[PDB]
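Taking the form solved without the ligand, here's one chain by itself in structure tokens.
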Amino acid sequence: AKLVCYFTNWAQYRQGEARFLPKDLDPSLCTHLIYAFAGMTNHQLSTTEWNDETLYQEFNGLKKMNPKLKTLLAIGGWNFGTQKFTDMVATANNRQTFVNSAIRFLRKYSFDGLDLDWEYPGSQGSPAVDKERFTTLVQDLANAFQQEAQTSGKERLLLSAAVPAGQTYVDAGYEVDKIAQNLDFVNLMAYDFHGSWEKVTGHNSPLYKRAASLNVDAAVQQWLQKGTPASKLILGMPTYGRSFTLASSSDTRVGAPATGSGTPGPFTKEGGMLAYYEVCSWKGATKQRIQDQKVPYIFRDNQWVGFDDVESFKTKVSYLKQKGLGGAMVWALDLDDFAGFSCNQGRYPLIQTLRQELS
């Protein structure tokens, strides 16, 4: 079973105990570590933070401590947009420029592979033709990696992709059966099913339904049914929650009217979301479990937050095993109580649970 964990290069800027650097990583915690995020310049893979080149070395250097560990560099992300991906896949020449820059970039900095995080082909401004151009991008990368491995004698670079759970996104840009053949594994973003973009409260990552496709189960069945081999479908797990501000402190149920995103967390400072350590830090709040969906939520006054705890993670791992999936993925290392300072459950409470349950 794989335990794919995402690292974010902007977490290094969080204040105090929330600051996260490569040194804060437990090298034996996960089987695969993915570095988010790399960018693109003139169709060539490039860094996004001023000190990435140093972080890359510390990141990948961890493999000296654990030879089994594998690392990948993720390109894209939500904030990155789609324009650069669209222009890059527009012609055979641009794609070749990109593919060559990726291999050199990965080999130079000691990454074992590339994780594609285009969000998303065929959506967010990306035209319909990008659905098939994305398939070609995947095949170009796969063919190039396979070739480089043959000519260099080096282990083939890995190729993965972080994909959406929403039916609309999946249908708008993913030829699942085709890309699944060229990808070593698929990181299913089984979260963000609900958020403050809805005028009603809803859980970030419910396992089952209480609209009926907005749950982990439906997403998993969708990617499997569309052609994804079970062993390559890695079920994403969120170490953060989605928050809302209630229309009234008088109705705190799931589906209760909401006025918008919840108050930003003290350390993550982004309304609509909260790290796990910021949630287990809520004082005077009331926690409840959504029987149907097997996940919890907590509220206080006009604030409501749907998140994942040790219990739901254990339940989702039992679920993935029963479906015979390739393992679990987690976003993100810096959102779990990585230093065990906020939740009094030790270091990496949530991710350690995934590891323990998977093993």
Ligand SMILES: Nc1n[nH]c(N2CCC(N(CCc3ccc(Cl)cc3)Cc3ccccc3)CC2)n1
Second form
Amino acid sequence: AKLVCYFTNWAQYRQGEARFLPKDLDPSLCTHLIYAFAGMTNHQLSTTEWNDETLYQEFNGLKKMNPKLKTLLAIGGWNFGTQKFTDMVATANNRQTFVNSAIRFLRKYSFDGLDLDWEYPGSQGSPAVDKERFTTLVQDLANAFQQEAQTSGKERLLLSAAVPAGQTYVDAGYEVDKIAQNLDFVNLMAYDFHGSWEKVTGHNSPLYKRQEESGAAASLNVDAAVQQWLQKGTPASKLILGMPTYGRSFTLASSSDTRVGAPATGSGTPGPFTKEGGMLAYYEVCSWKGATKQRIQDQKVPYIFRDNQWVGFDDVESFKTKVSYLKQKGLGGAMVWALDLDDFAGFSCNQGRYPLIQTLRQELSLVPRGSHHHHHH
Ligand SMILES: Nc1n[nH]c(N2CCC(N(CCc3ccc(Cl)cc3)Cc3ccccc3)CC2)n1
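Now that we've seen the form solved without the ligand, could you pull up the form solved in complex with the ligand?
Then the entire complex follows, led off by the chain already shown.
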């Protein structure tokens, strides 16, 4: 099994106990650590934060303590846009420029691979031709990584991609059966299914549909997303199920209607640390005073409300349920967004350090046998 965990290079700017750096990283927590995010300059892989080079050394230095650990660098993300990807994949020359830059960059900074996080080929302004061009990019990278291993004698660089769960995005951008052959693993973004952009409350990451749902809405859940990627040709062993250590919040139209599907007027109040309306870290929801926690029986996930605030999130129990699910489907493991959104320092939830991600590790049977300081949940 794999446990793929994302580090984010902006978590260093959060205040107080929520501030996260590589020193808060546990080298033996995950099997693969992915660094979000790199960018692109003149079709070449580039840093995005002023101290990335410092952080790269600390991040990849974790392998000195756990030599089994693999690291990857993720390019793109949700604020990156699409135009730079579009321009880079548009010609063989630009793809070659990018591919060679990626090999050089990853080797220089001691990363073991590249994770592609384009949001998304064929959507969000990216033209329809980018679907086939993304396939070509994936093939170009896989082939060039293979060749570099042959010629250098080094362990081959890994290639992964973070891919969407929603059928509209999948069909617009992803030749699933083709790319799955060339990717080492596929990081399924099984979250952001619902959120404050919608007029009624809904859960960030429900495992199954609600009985009431129909049409396209009935596929906005983890099980449907997993089955979608499997049926479209991803080998189960390559499919890695995303797990969110965050939730999505709503302001209710009325404090007297707190159901799933209740009317909402907009985003929930921003959290005290993450400061982004509509989103909360697990550590911002786990210890919410005077709130009422509920479970969505059909969907196997919790929500919590207080006054006119409603948040759908994941807890230890839902993570256990989802790992049981992925094992039943024979998936290659779990992926988690993100290290800095779990209670990484144990400052909030009274469940020790990394309660959610330790739960993943435990349920995947990945607890190091020589481990001393882990906490079972
Ligand atoms: N593997 C992987 N690669 N990329 C991803 N996902 C992780 C979840 C991201 N998704 C949530 C990121 C996010 C999570 C928690 C918080 Cl407090 C703030 C931001 C993007 C998002 C959507 C709506 C509003 C703001 C931002 C979207 C990218 N997963």
